[PDB]
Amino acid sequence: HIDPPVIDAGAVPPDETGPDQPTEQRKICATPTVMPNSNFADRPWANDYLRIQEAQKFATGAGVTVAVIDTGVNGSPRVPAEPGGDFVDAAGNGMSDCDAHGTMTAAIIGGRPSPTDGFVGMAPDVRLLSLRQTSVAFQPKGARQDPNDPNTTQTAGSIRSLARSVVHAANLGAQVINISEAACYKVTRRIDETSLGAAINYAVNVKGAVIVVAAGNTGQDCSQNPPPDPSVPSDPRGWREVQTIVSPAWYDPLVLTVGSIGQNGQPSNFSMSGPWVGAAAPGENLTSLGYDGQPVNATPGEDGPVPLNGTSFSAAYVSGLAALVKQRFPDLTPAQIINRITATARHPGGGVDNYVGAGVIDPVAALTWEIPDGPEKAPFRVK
């Protein structure tokens, strides 16, 4: 059985770039593409759903710096990312995207507008820092390293490198940090992630950064969590039912963990549920910008182009919103910014659930409603 994580505040990892262990490229670099008969002159559905243009009357993210911890970005005029370091390739600086992912995450956050298409990011004036922290294209040069030690898995290595990248992003002055990584593991194969909990506490409570993270997508090691047992009112979020830990998703409420919804507003079937999910955002059939800063809405797959889907894109919308909120209310702490966002989130029935948390974000409301400032800091368990 699983209980919420306890943070060892003294275990902050050193602020160093580079992979948990030496790596090499094994895959050819991927490149995003375009579905047949796409008309990019129209607004992407997510822009209409979230009323991005209406929200932009109230803020644009000017003066705010967002760190994109993802697969790197190939920068362009419309996605003017800056190097935040590379935690996959020792030779890199974060300005190379071999996965066709990080670039689109960054464009959703702060992609600039164009007279020739209807795409614009949520916060088109932010400064963007790219930290490449994952990639399917790289592997460790050395082999495992004792295949029954759960701390020598790649999942565990990614957790340790994520920790350094959070410290690094905060020390670079990111006020909003978007994390696409969702490391999944079982109760019985527990990873030592004290370095990560410590990094997060440092970035949020010492450096004042908002951290927004993907809920995670179902797949190989991420198998869906079952729903809470309603007959146990003392465990309303169903910690006792959890089978899969998702990290850093489970550091709620220090971080804001974001699930995905589809075009009709439904919670996405690939979105990882858990007692830690705090909000949701568009995460299916998305449009973003490619390596040249032009619109893309697909990545190639085995039997054709595949639509842009994923909770990392959902988190990106929320990171964009946090940048808007940060510009408009510059004195708010991270907890207070997150509070504005969750207080204006909504879903039928209401309350908080394991799929959309407080619900789908509402940018205009986050920016304009009268919402009493919450406490400056979120409570958490410490050793």
Contents of the next structure:
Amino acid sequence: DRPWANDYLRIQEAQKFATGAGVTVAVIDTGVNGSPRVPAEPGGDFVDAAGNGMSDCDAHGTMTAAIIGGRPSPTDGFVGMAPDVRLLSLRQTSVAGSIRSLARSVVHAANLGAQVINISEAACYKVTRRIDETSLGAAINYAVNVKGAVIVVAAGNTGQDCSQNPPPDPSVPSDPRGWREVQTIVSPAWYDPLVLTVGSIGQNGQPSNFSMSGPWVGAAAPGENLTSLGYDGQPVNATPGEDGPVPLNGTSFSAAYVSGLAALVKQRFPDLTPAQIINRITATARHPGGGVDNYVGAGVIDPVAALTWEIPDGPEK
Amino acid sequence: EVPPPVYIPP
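Next block, the form solved in complex with the partner chain, ref. the form solved without the partner chain:
Let's see the whole complex now, leading with the same chain.
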């Protein structure tokens, strides 16, 4: 039976309207150990010049790919958001700078014909620090405005390298997204709305405590206690840890659900631009108070609404 | 390389 996210997002209902067939999704992550249920294809390794993206030594990319496009099975209730997509694996990050490799891999995924690009990477900077990523900005522009790729990126997780942003100050009408309060810049997160940046929520529909907040958060999706597929294409729900099993949590998995939705929206409305797919996803999200905020952006995605609601098309750009 | 992900039965 179903992973809580599958039920929460009404994935089976959504898949009555599209499955992602004809769409290619690139997974810019730690690589993928492929399998019949996670049939990723080599999209390049940008960490090690040898290797091709089809090796996951971090128990991560494999699960990201499965959330987006893991095929169903008659013997368990797991299926990805869009089980009919082509999956390309670009290994761009690995624990077992990277902003330079990110620009390259974004261009490369676009050049491979990816129409949806999922980026797990979330680099954090002090707000005071001088940030130079002209070529990343150029890469994203190319991929989106020239190649017509929808790009979905992780909000980022709080941690050692990455401190939480305070909420906007309600007493400054002209800073509704709290730019003046930002302490940590997340990238490529801060490219939203050009890309779509995705925060994490728990089973209670509330923002995950580890989810990075900011003026750039565009949407949200399940990112806690998740189920996905492992190195064999079989259900997995934890990684082994020092004091026990660690559940599958991360804004990159949240991003992965949204990339999946984007591929569904793409199959169903093949003439929408990236900006229009993005708009369709955010316009049909369950909005927070105020309609937008720093934690969930436009709110938690709603795949069925995204696929079936009639909404004015936004600008094409 | 980290150990593979696993499945914990409910």
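Only the largest set of C-alpha atoms that superpose within 1.5 Å between the two forms is called the rigid core. Residues that one form lacks are left out of the comparison. Positions refer to the first chain, counted from 1.
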With the two forms superposed on the core, which of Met95, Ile191, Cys184, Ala298 shows a CA shift of 2 angstroms or more between these two forms? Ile191
Relative to the superposed rigid core, does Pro330 relocate between these two forms - that is, does its Cα move 2 Å or more? no
Hey, does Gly350 budge by 2 Å or more at the Cα between these two forms once the core is superposed? yes
Relative to the superposed core, report the C-alpha shift of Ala169 between these two forms in angstrom. 0.3
